[PDB]
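Below sits a lone chain in structure tokens, taken as the form deposited without this ligand.
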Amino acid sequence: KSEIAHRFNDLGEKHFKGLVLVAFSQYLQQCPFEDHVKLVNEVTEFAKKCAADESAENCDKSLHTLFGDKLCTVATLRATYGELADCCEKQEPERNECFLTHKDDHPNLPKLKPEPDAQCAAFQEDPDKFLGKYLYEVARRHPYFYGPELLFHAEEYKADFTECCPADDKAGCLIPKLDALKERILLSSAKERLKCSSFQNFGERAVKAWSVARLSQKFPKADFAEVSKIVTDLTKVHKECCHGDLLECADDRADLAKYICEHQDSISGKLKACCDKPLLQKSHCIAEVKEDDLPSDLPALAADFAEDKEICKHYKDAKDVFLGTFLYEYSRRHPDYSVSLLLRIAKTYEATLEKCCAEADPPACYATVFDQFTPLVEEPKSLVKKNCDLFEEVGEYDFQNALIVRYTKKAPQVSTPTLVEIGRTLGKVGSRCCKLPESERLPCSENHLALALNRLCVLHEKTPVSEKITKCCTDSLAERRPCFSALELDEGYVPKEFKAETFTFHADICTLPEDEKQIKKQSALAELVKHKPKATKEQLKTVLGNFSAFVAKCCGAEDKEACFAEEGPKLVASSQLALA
């Protein structure tokens, strides 16, 4: 009858408002905070009016009609959101689609600087407005951020300030917490972005396949009914969120967490803790829940998936249920494999049955299918061993550098700041994953890689620079990582013209905290490869060694700039000779 009254009644005012603020923030990233609050308050007002007389004027309209209408009262300002104003001339669903198409994945807004004194005051004059502003700042930086999850993170941001503002040393309590919160936001956005991109680029099947694999790993005692259903509902949840239907997304998410906790014993022992919790914390806990123990009754698989006479029949009748079942069985027993590996393994099973079921004598053809998996397993296992050995030997910073060189050689057309971000991010994956118990390293490493590579692909969607990057980003979700891995130095590239000033340092660097000095040197590293792309990893290491020495010397001088001005250019010329 009235959809806006329904969702208002289901969600409650705080959540309704949060979710609407998040939605507007993602659709209209460039819009000031003030306009968004008015916009939310007005829509919220309308909802209440609709909740008490659902037959009032326009209470029967769809949400996207109401929300778009509303957005379009402010977005018409061409000055401030150019493209988006032509979205406003379209009726739904074209209009929504247009808005989605024009979301910015890299608006490059000012970095979020915690300010413990001024923020604690804001927190106290008006906490709801202060929370709203976190939602605003995060949402607009991350326009496919999981909606309801951002609300949960807003409760943690509040918790942080509630525990720190009254205490004596504010920044001491408060800054590490907020830096840790920022990890979790970055990582979570990257997780959700991967979901929406898989919808965009590959469709629903790709998402279900991914979800079946991962949910089976997580809930290996659940039988296939439970997994299947969960997958069906979680896919529908994320579909709705990716498509900007936040309110509907949050209702369906609540329904699902309720189901999962009513069927706790038939899904996983580990959900106990998650289920004796409130809505948002509950949902969150389920979504990040540890993997359950393996059951003692897992079936032999070969008996059914290799040896059985009746496979081609069991497969032609309902290939996706049959494959799903294969995928579920292989996945529940292999928490030690990455999700993408499990999918390569299933595409290989599928491929093998297409071949063998269209052949004279099929069973003799597919009797060795499980033997075709051994090489798919061994490649990433060894890749992870190798990256983890290198990381443990030399550490985060030099490991990042090595990846900066790897990726700059594969894609020297990418902008320096992006290649630095990638390499740094991937080194951070090294620090997360390589310390884990050995069987957990493959999945930690590839699943995180998938996210970083998707970030790079998304950036490439808006600023394309390399056919190689396009080729890897679009061929196939399962084949992404191995495809990036196989890129070798782009031989087409003409070395970037030497600009001495790029490699020339100054005293200003001396102020910077360690990790921003690092970024500057690593930028220079990427630029070093751009100009000398055949230089080996170790020539670059030595030259970078000499750069670091020199920065450290000159930063410790009486006259820092005289030291830089004198030595800097000698270093810059000589280091070109060292990269032949």
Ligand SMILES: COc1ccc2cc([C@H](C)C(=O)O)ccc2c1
Given for the second form:
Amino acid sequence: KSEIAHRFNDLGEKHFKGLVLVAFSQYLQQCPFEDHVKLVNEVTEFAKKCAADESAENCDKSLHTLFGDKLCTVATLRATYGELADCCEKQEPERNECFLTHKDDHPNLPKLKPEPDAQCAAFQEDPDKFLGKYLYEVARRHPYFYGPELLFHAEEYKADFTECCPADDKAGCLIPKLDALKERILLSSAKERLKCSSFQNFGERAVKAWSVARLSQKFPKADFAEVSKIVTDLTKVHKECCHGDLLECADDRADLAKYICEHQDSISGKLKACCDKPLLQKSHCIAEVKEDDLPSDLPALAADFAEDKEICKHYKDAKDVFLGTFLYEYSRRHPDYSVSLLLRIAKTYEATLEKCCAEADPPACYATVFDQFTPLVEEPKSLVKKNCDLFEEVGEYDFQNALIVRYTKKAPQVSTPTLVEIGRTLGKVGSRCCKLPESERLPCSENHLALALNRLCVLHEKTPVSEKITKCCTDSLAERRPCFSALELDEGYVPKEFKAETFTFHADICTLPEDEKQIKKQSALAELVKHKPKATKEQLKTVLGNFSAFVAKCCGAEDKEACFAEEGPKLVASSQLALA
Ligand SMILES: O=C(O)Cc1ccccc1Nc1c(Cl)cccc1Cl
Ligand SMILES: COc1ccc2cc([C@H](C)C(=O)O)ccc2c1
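Having displayed the form deposited without this ligand, please output the structure of the form deposited with this ligand bound.
Full complex below, order starting with the chain above.
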């Protein structure tokens, strides 16, 4: 009857306001903060009004109608948001869909540097404004961030400024925390963007399948029934959030978290610490909970899925339940597999039964079906061992460079910053995963990879440069990682013409902190590969190392610029002979 009243009542004012700010910040990334505060308070006041009389004029309008009307009042409409002023001409649900379509994955706003004195001051002087501003900035930059979860991260950014601001050295307490949080923010944005990307490109079925797999791994004690129910609910939550209905999403998420904690005895024995928490902390804990111990009573799958004579019938009767079942069972006995691998396996099963069940004698045909799985498992296992050996041996930086090269050879049309960012992200998978026990590295690796390759793909949607990437991004959610692995030097490349200034470093680099130095040299590394695509990886390691030494020494010098000026051109000219 009054959606706005109903969400204001279930969520409470704090989480209601927060979520409406987040939603606004994502729909209008370019709109200044103060403009959004007033719109939030404005809509929020209306909610209150409606909550006390749901018959009041306009209280029965859809959320969209109310929210889109609010956004379409924001000043400097056409100048600041060109393409979004056209959306305000529309009725809902066209209008909502045009907003949604014009969200910007790489708005490329200033990097968020902590100002610890000036922010503690703003924290103590007005914490609501201060926390609000954090939601705004993160939302702004990650327009598909998982709404309820951002409020959770806003609670940790509060806990942080709370403990460090009263302290002696605010900047020493606060900076490593705010760095850890940014890392968690980025990972979380990447997981949610993979969810939204899967809806957009593959549909709701592909999200269900993914979620059956992962929840079955996580909750192996649970019966198919119960995973199905959680998955149906979880898929609706994320569909909503992804489509921007953040208030609905949060409300539904809290009901799901209630449910799971109502039923943990029949879901998992790890939900116990999670269930003794406030709403946001609990939902978060459930969402990241460790995998439960395997049960002693796991069935043998062979009889039911490869030996049974009734398999084609069972399968023509309800494919999706038969397949969902195989996926649930295979998944829960395999936490040591990646989600994507589990889904390639299911897709091979399904394929084997469609081929075999139309054949002359199907059971002889599907008898060996589990053996089709074996090379699918060997492949990413080998990859992971091979990349972790490399990592263990050369370290993060060089492993990142190995990858910058590998990827620049595959898609040398990608801008340098993208290639650098993706090789760096990929190399950090190295860091996180290679150190885990031997049976956790394949899932760690391939699950985090999926996150990074989706980032790449999302960027490429905005700024398309390469048919090879378009193909790999669209052909199969489960096949992405193998599709990217199989890519080799684009022979279609005409080498990029040499511009000396691109390889030419100056004293400006010596100021930069360590990460920012690497980004520069890694940027030159990408550029080296674009001019000389056939250069071997060892030739580029030596040329890069000679650029490192060169930079280390000239930065170490009494006259930095005369050092760069004298020695730089020699190194630019000679290092082109050392490549191809
Ligand atoms: O690139 C690889 O796959 C591994 C490899 C093997 C031998 C020598 C160098 C590299 N990788 C690599 C590259 Cl391509 C550039 C800079 C530094 C390093 Cl360690
Ligand atoms: C364990 O650590 C890694 C890190 C990066 C990787 C990148 C790739 C890409 C997809 C590639 O094209 O080979 C594969 C495996 C990887 C394992």
